[PDB]
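Would you mind keeping the following structure in view while I ask a few things?
Every protein chain of the complex appears in place save one, which is left out.
As written, the chains take the letters A, B, C and D, and residue 1 is the first residue of each chain.
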Amino acid sequence: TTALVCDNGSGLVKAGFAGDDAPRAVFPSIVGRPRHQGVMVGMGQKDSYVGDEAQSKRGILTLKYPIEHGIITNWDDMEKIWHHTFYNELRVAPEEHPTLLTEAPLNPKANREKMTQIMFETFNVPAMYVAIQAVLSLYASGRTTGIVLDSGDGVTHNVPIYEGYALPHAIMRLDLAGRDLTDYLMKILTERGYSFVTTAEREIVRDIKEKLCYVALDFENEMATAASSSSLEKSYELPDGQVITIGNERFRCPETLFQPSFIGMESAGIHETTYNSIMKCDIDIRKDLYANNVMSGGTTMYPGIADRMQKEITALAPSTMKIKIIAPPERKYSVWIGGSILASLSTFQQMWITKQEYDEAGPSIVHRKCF
Amino acid sequence: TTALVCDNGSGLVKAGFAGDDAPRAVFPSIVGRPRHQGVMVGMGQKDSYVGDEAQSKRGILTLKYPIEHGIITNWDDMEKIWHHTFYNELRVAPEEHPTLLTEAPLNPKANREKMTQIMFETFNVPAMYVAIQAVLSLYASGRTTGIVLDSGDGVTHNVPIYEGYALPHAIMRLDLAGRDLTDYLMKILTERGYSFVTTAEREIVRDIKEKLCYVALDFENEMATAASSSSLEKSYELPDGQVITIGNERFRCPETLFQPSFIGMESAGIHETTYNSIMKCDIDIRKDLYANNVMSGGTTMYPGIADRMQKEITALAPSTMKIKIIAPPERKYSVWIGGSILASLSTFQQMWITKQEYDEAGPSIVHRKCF
Amino acid sequence: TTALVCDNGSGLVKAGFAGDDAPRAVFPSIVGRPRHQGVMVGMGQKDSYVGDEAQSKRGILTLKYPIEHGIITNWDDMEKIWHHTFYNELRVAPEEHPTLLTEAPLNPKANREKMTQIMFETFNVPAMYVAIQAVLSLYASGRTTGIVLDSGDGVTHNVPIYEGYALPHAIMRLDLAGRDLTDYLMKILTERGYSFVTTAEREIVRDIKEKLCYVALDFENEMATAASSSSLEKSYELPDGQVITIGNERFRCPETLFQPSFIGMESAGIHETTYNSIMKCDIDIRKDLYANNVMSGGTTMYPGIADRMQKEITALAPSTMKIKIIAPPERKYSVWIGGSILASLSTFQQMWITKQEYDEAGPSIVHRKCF
Amino acid sequence: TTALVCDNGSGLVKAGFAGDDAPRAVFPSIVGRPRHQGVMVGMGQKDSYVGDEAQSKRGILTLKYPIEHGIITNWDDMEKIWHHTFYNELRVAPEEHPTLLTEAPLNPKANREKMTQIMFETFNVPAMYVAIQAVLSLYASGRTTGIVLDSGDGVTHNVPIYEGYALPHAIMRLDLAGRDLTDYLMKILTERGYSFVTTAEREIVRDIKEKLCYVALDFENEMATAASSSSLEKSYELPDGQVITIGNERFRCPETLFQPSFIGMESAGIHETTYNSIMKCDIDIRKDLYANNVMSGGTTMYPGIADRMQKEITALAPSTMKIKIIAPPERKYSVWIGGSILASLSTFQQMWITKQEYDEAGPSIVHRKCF
Partner (left out) sequence: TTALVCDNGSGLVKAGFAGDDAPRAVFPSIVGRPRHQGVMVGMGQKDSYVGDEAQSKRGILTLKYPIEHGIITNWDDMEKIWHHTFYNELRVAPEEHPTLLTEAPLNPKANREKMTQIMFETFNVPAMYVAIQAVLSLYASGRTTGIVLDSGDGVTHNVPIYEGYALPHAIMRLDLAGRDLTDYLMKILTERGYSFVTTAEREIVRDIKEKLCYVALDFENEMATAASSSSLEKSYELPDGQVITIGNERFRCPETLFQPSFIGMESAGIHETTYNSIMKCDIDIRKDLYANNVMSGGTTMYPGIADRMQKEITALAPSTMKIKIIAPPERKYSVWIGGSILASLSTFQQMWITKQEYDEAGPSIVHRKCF
């Protein structure tokens, strides 16, 4: 019975049932359309490949995301993905379960609103709830206090929570995220002749990133050692068997998370952003935040990113403050896990917005909150 | 068995049992409410943190006092504190013990009245009595004659007693007290960039005051020496590890007790106030008052305040009169101790106002007196 | 001949000559540095655009203020601005005129001190004087009695003056100011998809604010009417021709001046702050303060802010007290005008601190006062 | 009932009925006219021998093709051949069946156009369709993905198809084909005195080619071994009983398919052409193309041509890519078979262009496509 938990992210979709210890359906939020000789109808063929299908057929498809920086732009393709989950991956009659959805804070109200509408009308959902991803991530850690740094492909955001009592006043959001890192790699790999321009090629670059990139603890001295050939130089085999050799880029791309100016992102680096949000809060809180820096999301899966982070924050902070980062394994699922927790939680059941309530109240109901 | 003694002050609450040599429960009279995103209900959470709880969670709470200058303004929060004592700190069934309460002289009758009502009705107290704090302080000293200068956060007051036979005609009261000293520090620390504005921040300033402030024996020459860096300059570490450096303020704040004009308090300084109350009394008494100046209360815990006081009074008085100040250690508990004494005293048992008596007589009974 | 008057505010700089009926040089206190490909030297180019220059080139510059909440933090950029005025906007040999400077009360002494030093040493100023902005504002109104509420970008402050004889004891200062209003708009506009994050974008938001925001006389009922589309919904054209539509935000942002809790500013609203400062003063004064509430500063240029203010204070005050607000046109220049007045005033000439005096006395001289 | 399938190639004509497992009529696309003493009329005699007739009477006829490199040049002779099929070889009333025709890609539009016209007007065809030969060949193999290399007498061409979704963007065409191989033999046999110059003689050379030529796996070392007499030296008996002995030419002629420069064909060899078309496609596709190289057409009937091909492509490709060639028996009929398949296919019936449609629309209709 129970409910569904759906991490409808900007990168990919993680869906499963509340109470599960992991998602059952994990696939990319991509819809692919035929590039050459536009479509054939009565043969079936197909012109809308989704997720792993799009991956399989990738070479001849135009890969589009529906989501841009946390915003659902292409609601039609979004709908297709929802359908694909419910009927192809989980294969369960939507209307039999409540649906827990998640989102990044500070989204345009229209996203929460219209998305809700669709769930109720198109999919006949019985009840649903929308939660902030960072909050859920904290639940997964089991801490009641800390800063949650959650970062994916569309956005990066920071939420500070103190023994419950989340502090809305200091929530921050950056457009700097995984897709920018990927784009930077396209630009940087160009230095060595490795031109990538199509959406299929973008995907390949992503694969590279996720396997070879790492965070240097000292980018300047990393670059210094990079003057000599070493373990930095690492091969990668393409889909067609050709081999790529990557050097400085292994960490120069991750560097942009601390040196955002590289891509024209005139803003603070992550470590600065974090530090600043601490400064924005009451001095009596700061201490506990320093010792409870929760990190989650796929873009925190770079080797040594936590260590680099700790180092940098320690430098910014007063020497007497203990800087400690909470960054368990399975950070990719942190949000989903948090969702499973709350959905299984007894108290939480009062939160469900039923379709009945929606119909009686209307759209605005999605912004309510109480526990 | 016996009774309870409760120093329900303006700063904090000191409670224990009659006959104890010290309070068992000592905590600040503060109720804290959530600043950000107003409260959550069914999770419990809590929206009313009291005393040390308020301290622990201070950063996200609005700290309010129920008492202003000795007057109970917020009876609801007052009630909460009473509850907290009885059930969380002492953890004793109120109705099993008589309760000795204390107050500053010249309060509005409604305080004594309504407070009494609550004790009898809400807490089902069996018997109670309200005493003047200064009087109790004298009992703690064990003297039968002297002037009691008792000063806390809300008020400062002077009572002169001569071999018993307290002299109501010359009781004096000032609004100048600990909270004004704290406020002055906020204003003075601003000179060095140390801005404090929230109630949490107020609390921090208090902590500073109580550790670093002292009374100069000669403020003018203290300021003279302050021209050069010295031991006057003293560091202080904040909750978040940042360090504050304080100089002149170490004593400039305490100076306001002798130079009240600094804060617009158009009145006499403490030493003058004392001297004047002596002048207000019969010349045959004056002598003994000069040699028995009892000092108590938390705002007399500044280093050298007694010595400064003695000096100043000596200057005002005739040279042949021996000026002697009685200022033992544990001045913070003087009143409470006095309460313990009388509550244990055999004779005193006749003073108890029983709920029965109250019910038979009514409110006005709280103003009776005889020994 | 005569002297110069310089309103070196937190927002912008208004400079002119004493005796002028208006500033000759009005431009923002901003220094802009090249974002992309850090600078070119021998071509000149320029890497320090100031004021209107920074505005013109805004898109590719990092806009920084030197002043934060009334405090000069970046003295180098501050110096650049001073230079720009004297040599580019007024184009007058600094050393030929005395300089009247202004500041918010309760600043760290180091500001007045170091600023003075620079004027004398770097710019070879002959004589100078520093005055409190609120005081000057009163002079512009021509009243001898009233409360001056002056509010800009960095700070908001309240000074009460009674027939001269300014009352230092009740001067109040808030960090809540124009920059917070702007930041709140960034956060609130996000609700509609209008993301602004760069310093260039901040500037755009400011422009919006200053043209479309207004104060509702009843925010609750304003929000009620806001349920329906109306004149509340107002278009705005961006620099690139795109059009923005703004609704509730038109007044929800101004609301924070009365409901500071919206941004976590745990303090009183303006109307409360004012009322409280009146309560802090002697009851014989209060009457005249009620009938003489002087309002000035750029953040008082919201439509209906005076009317809203009057309403709220009237509610707080006793019904028999006549609440009257003094809020002429040209409130933006009130301080500067006051400066012109005093600088032209005969009596006032004795106030000038000459460089000679400074050299003979030293820094501390800047805190003298007598008329 | 059903329809007809006609492989009207550049070499010969293969006709049969849809659903047949083989053509019923297979004969060369040749029209022969009397060389000596131009024709006799009223005796009948005949001056237009077609196909096998032309073969039988070959010695005294001028053999002409109507098709040159896939283009129909002599429409009159073309018409004669169509007639011969329908009335002499299949012997079926044209108008009773739909006709599936085939062609090489990138033909001049006029071929498809005018040919269509003739079918409808001269032969009163009810419905027809024109398909690309390579595509049909793939259908015969039954694969959904692969590269089809189809090569006959007039042209050689390459089409890459990926799970349907044929990729028009990388279709390639070469003039290098069977007729060039034949011409090269005429030139090479001349080295040994074997002069062939007439069209009858050309035909003989073709016969030789098709029986004795083979592809060496290593032409250089084949030539090395050719220094000694061996099995390379092979006899051939002419129509008049004379015997020809052929040596190096057995494989030197086939070599031109990999070494086209031999005949001045300044272009890539077949293996290079294939490889390049793979390079022209998306890297995500390349893999499957490598493992699915479909080969068809009469000029792929040389012994060992597949093995030689595989070898060469393997050399060009990355070592990790599995190079596999699909080259079943009956490659000569692959296209025809594919035609039979689609014509029998249910879905495909919608493709038929009826004469009615043609009359209502006009010529341009022949370029439509949808499934």
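The working rule: a residue touches a chain if its C-beta (ideal position, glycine included) is under 8 Å from a C-beta of that chain, and two chains touch if they have at least 3 such contacts.
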Subject >> Among A:144, A:145, A:198 or A:314, residue touching the chain not depicted >> reply: A:198
Original post:
Of the residues C:24, C:57, C:112 or C:280, which one touches the chain left out of the display?
Top reply: C:57
Original post:
Given the contact definition stated above, which residue among D:40, D:106 or D:361 touches the chain not shown here?
Top reply: D:106
Original post:
Of C:93, C:238, C:279 or C:345, which residue touches the hidden chain?
Top reply: C:238
**OP:** Quick one: say which of A:36, A:234 or A:280 touches the chain that got left out.
**Re:** A:36
**OP:** Quickly run down the residues of chain A that touch the omitted chain.
**Re:** 35-36, 62, 187, 190-193, 195, 197-199, 263-264
**OP:** Name every residue on chain C in touch with the hidden partner chain.
**Re:** 34, 36-37, 40-43, 45, 57-60, 198, 200-201, 204, 237-243
**OP:** In the full complex, which bits of chain D touch the chain not displayed? Write them out.
**Re:** 71, 106, 108-110, 167, 169-170, 175, 261, 264, 266-267
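Keep this in mind: only the chains that are shown with their structure count from here on.
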Original post:
Which of these pairs, B-C, A-D or A-C, matches A-B in more than half of the residue pairs in contact?
Top reply: A-D
Subject >> Approximate Å spacing (C-alpha centroids) for the pair chain C, chain D >> reply: 88
Subject >> Averaged-CA centre spacing for the pair chain D and chain A, given as whole angstrom >> reply: 56
Original post:
What whole-Å value do you get for the distance between chain B and chain C if each is reduced to the mean of its CA atoms?
Top reply: 42
Original post:
Residue numbers in chain B touching 2 or more other chains?
Top reply: 36, 198
